[PDB]
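Novice: What follows is the residue order along each chain.
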Amino acid sequence: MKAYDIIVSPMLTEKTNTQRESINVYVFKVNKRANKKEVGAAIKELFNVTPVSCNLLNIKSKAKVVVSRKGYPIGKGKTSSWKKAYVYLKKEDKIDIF
Amino acid sequence: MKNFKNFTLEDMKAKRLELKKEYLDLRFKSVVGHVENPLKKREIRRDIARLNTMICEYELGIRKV
Amino acid sequence: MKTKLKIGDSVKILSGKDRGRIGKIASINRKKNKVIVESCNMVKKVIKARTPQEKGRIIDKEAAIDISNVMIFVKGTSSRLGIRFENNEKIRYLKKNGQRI
Amino acid sequence: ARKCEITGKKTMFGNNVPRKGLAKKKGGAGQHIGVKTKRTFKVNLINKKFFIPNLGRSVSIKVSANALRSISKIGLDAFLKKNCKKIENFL
RNA sequence: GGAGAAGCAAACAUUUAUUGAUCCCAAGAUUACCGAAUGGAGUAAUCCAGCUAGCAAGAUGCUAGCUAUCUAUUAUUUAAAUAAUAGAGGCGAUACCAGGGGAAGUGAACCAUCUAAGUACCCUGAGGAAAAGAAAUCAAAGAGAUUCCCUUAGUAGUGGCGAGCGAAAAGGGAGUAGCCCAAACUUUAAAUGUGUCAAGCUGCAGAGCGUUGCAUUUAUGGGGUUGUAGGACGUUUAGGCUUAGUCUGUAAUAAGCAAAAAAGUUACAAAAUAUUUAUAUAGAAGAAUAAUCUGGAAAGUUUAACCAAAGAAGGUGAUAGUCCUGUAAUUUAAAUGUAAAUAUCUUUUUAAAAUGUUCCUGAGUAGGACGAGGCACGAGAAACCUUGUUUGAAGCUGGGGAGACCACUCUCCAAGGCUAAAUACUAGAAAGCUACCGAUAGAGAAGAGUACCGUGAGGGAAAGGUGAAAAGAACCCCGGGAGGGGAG
RNA sequence: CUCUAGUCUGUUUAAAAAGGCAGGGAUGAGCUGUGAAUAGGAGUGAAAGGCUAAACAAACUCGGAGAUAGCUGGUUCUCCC
RNA sequence: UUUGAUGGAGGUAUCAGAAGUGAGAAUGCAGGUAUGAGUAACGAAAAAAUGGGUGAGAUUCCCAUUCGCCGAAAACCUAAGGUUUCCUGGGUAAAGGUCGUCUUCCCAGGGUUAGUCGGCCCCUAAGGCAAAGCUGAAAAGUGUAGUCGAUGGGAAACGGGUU
RNA sequence: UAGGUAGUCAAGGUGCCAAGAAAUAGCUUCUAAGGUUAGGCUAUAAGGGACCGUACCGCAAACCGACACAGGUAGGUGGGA
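Chains as they are written, first to last, in the deposited numbering: chain V, 1 to 98; chain a, 1 to 65; chain W, 1 to 101; chain Z, 2 to 92.
For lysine to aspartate or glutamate, the following DMTMM-like pairs were computed, each having C-alpha atoms within a straight-line distance of at most 20 Å:
#1 V:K2 <-> a:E18
#2 V:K84 <-> a:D25
#3 a:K29 <-> V:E14
#4 a:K20 <-> V:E38
#5 V:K44 <-> a:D25
#6 V:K29 <-> a:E22
#7 V:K2 <-> a:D25
#8 V:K94 <-> V:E14
#9 V:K2 <-> a:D11
#10 a:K20 <-> V:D96
#11 a:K41 <-> V:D5
#12 V:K29 <-> a:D25
The hints are simulated quantities; they were obtained by calculation from the structure and are not laboratory data.
From just these sequences and the hints, can you work out the full model?
Specialist: Here you go:
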């Protein structure tokens with residue numbers, strides 16, 4: 001898996017924004033098959049900077065209840081689960097694309 | 001559907017790399033919030049798949065240069 | 001589904017409100033087998049177009065007529081359509097007389 | 002199983018049939034069948050040892066007394082050949 | 001195939017498509033992980049490796065490719081051990097077939113015989129059919145493999161002779177097809193035993209004393225398959241020659257070569273194309289209506305046509321042969337799949353009509369004793385077949401059968417192995433039909449084995465319809481809304 | 001922390017077996033968490049014909065099965081003799 | 001079978017044929033709705049009250065001041081389980097035994113960062129599978145070498161702060 | 001400062017009989033086939049952290065009782081008089 005199938009997209013959220021402003025942390029949606037090592041390697045190849053460390057989380061799928069055309073519960077649907085990555089850079093390092 | 005139906009193997013490889021650049025940057029801009037042509041994602045993805053088959057055909061020898 | 005009418009033709013409306021009124025084909029919904037004839041089957045419609053509250057308004061627009069209710073009309077004649085093979089071209093002609101469309 | 006390793010004989014299932022009365026060929030009015038039950042007739046396998054000088058060693062086979070009799074009549078090699086088995090399948 | 005497409009329904013704003021899209025068919029690529037799951041292990045969708053290649057490879061890094069087991073065949077002392085290929089594992093058909101296991105509820109107004117019944121079900125096997133299949137048979141008629149129907153026939157028999165169970169032959173049909181091994185002899189040897197003389201050879205002579213001398217087993221070819229014919233011996237023969245019928249040279253025979261016939265549906269095996277407007281899997285063309293009246297809407301009312309190998313069935317604003325799609329009769333095949341036919345290819349005979357002496361013609365087999373089952377037939381006079389425990393033959397100068405048995409007579413020739421078709425079955429695929437259903441009906445399910453219930457096995461619902469078209473009620477009034485009253 | 005004599009509420013209850021008062025055990029034949037083993041003519045039972053997924057003088061599910069009943073119930077429009 | 005209202009799209013004479021051919025009950029089945037009845041309850045005898053704010057609407061929401069209750073808990077921190085019920089914002093068809101501006105209700109968005117924790121891992125208890133061997137109609141049953149199997153045994157961290 | 005609960009010292013000590021897990025792990029050590037920087041130990045400097053769970057409820061309207069039910073519900077904290 002090339003370093004392009006690893007990183008999916010960043011996250012722009014209030015929590016991630018404050019974290020990035022304060023302690024220089026970048027949060028990405030990554031592929032569920034990645035791990036710490038190739039996430040770090042992918043960050044290096046993509047943005048030409050080596051991260052100090054990486055943390056990964058598995059976000060479970062959010063369940064929804066599906067109702068009929070009239071509308072009344074007939075089953076349980078679910079969103080897609082995904083993997084979230086916190087990436088820690090050196091205090092001088094930056095990522096510009098954001 | 002773009003036209004690569006005359007490209008050589010390594011030219012196709014270079015095309016694949018810069019199209020992967022384009023797809024990654026497009027995803028990033030979409031998340032940042034405003035991209036005028038969301039379907040560009042689908043178009044680029046299909047292009048990359050085309051390149052993957054065509055290259056594969058080169059190694060498999062089905063399509064000869 | 002399959003049909004022998006082309007967008008842009010001029011057709012005469014067989015049945016409906018608009019007897020024999022002749023108009024151009026603007027669009028064809030072949031999922032429902034319906035056709036939109038310009039300035040025919042002309043209905044009043046209301047649109048808000050969005051929930052924010054500047055204004056909404058009444059506009060006039062054509063409604064899709066069924067395919068079966070129109071018939072090609074060229075040079076003062078309306079008739080069925082057959083097709084012929086000449087010059088390696090699937091061309092169309094009028095069953096009543098047999099001319100180039 | 003209780004299976005002759007040469008021929009393939011296996012146990013045979015049948016009935017258990019009691020009879021009351023006296024057979025007509027003994028002057029009796031006849032016989033009457035009672036309550037039949039299920040039963041099995043068992044092959045009498047023997048775990049025999051045949052010493053084979055041809056490789057100077059003894060091979061142990063599960064054979065029935067019938068197969069032993071036939072081996073005594075015809076010879077072990079020929080009997081194995083007739084039932085399309087080979088001595089090396091044993092050991 | 002031609003103008004839209006972005007699934008199954010549109011919506012909201014983004015592109016693509018005449019550079020031939022979408023879609024349909026054929027083929028190929030990609031094809032995560034689990035699962036027969038097979039590197040080990042495991043709480044199925046996941047941790048742990050061995051080895052090799054590339055990632056600065058590296059500190060439990062990533063990716064690619066191998067190492068599971070059984071059976072058959074040999075590379076070896078096929079057991080042990082690895083190696084080599086070949087065939088299998090599981091699912092599917094809540095169908096069919098074969099083999100093994102085999103009830104119980106009932107009837108007999110009880111029940112124990114019997115019946116139900118080889119039924120349900122379990123288990124082992126494969127196939128598209130399976131099984132069976134070319135008479136040691138039916139059976140007293142002159143027939144002639146096996147299987148499936150109509151009759152025989154509810155007959156013949158059987159049955160605590162109670163209830164019940166229940167043929168076969170012949171005849172008339174569907175459908176057709178007969179064959180190949182072992183053994184008798186011989187060649188090529190090998191292995192294992194035994195053997196130092198007159199042991200091989202068609203017969204005179206010379207050579208010859210071991211062409212391995214004689215046997216068994218393994219492997220190869222010839223030889224042959226039955227109311228007792230095939231081989232060794234009896235001749236015409238033997239197309240014709242080359243080689244040799246222990247070696248050379250002759251009467252005298254085999255091994256090869258002209259000449260022919262068949263063959264992957266049994267009968268030897270492995271294919272490959274051309275070739276068949278043959279077929280399966282995408283398609284193309286396709287006939288013949290105007291007016292008038294009612295009505296929102298005509299296809300209908302009425303007045304006149306036209307087509308028809310097409311008045312089958314749907315949709316079209318109310319009821320269409322001629323409005324649209326289709327329908328009759330025709331017809332698209334690059335590629336793929338399935339079929340025959342033709343040669344190619346493969347294999348075989350490269351000979352038959354012909355008399356008597358010897359050899360073989362299927363061995364723990366036929367049969368008998370005891371204990372069981374299948375035959376319609378429950379020990380009954382109980383044949384016959386299979387079969388467990390025992391015993392045990394003949395060798396055509398023979399044996400089996402002809403419902404106990406004996407004699408005669410008439411038939412047949414087992415103890416080796418195959419065989420298409422007629423026949424069973426439809427989960428399904430396509431094309432069609434119905435005095436079949438129209439939402440409490442019809443599959444449980446027009447929305448699905450979902451919701452729900454139970455730890456699990458498992459059980460299991462209810463809910464179809466606006467209008468011809470959303471053309472979904474702008475705007476205004478009451479009300480927080482909902483909703484209603486107006487306006488459209 | 002584990003058990004239920006006696007009494008009462010409750011009994012179309014809050015609970016398809018509790019609660020309100022009380023009592024026995026309370027360093028032991030003790031209580032209990034977390035895994036595992038024994039399955040139907042069988043298991044288990046300091047033994048009452050108890051229990052084995054709220055029902056056990058032979059569990060439950062599926063199939064035979066629409067089992068058999070001399071027993072009970074039901075059996076739909078009309079007229080004439 | 002005639003006239004009307006309603007209804008807006010198929011029925012049907014005569015003759016003949018064929019049945020899933022006629023319901024008032026089976027403690028019948030399915031569905032709707034009466035009856036008891038605006039009656040019993042509205043779920044423990046720990047207890048609420050005032051003022052203010054939000055809101056169209058407040059005895060039941062929020063805030064504040066009093067009172068009351070538990071306090072070897074009715075408190076706090078971790079399992080067994082549940083699986084978004086957690087936080088922010090918006091809303092009240094139903095559902096909450098009433099009301100509701102509120103909720104574990106609904107909609108949208110957001111939220112779980114490990115070398116030191118718990119697993120994974122290297123080990124074994126009971127137990128399970130298990131080549132070979134042995135025993136059985138099949139299916140399997142026994143069982144050795146092995147391999148799995150924690151509530152057990154094994155390397156490493158504490159304090160404070162921040163949303 | 002004084003007093004001192006509950007651990008802990010302690011798998012201690014002292015007595016008793018019912019005589020009270022295993023380990024192929026870990027730690028330590030030993031030698032074969034093979035090795036003699038091939039390794040290992042004693043240090044320093046540099047960096048290598050696997051994969052998953054991680055919210056919240058958890059004596060309760062969020063678990064198990066058809067319920068927002070007077071029930072069951074493991075373990076560690078257990079203030080003051």
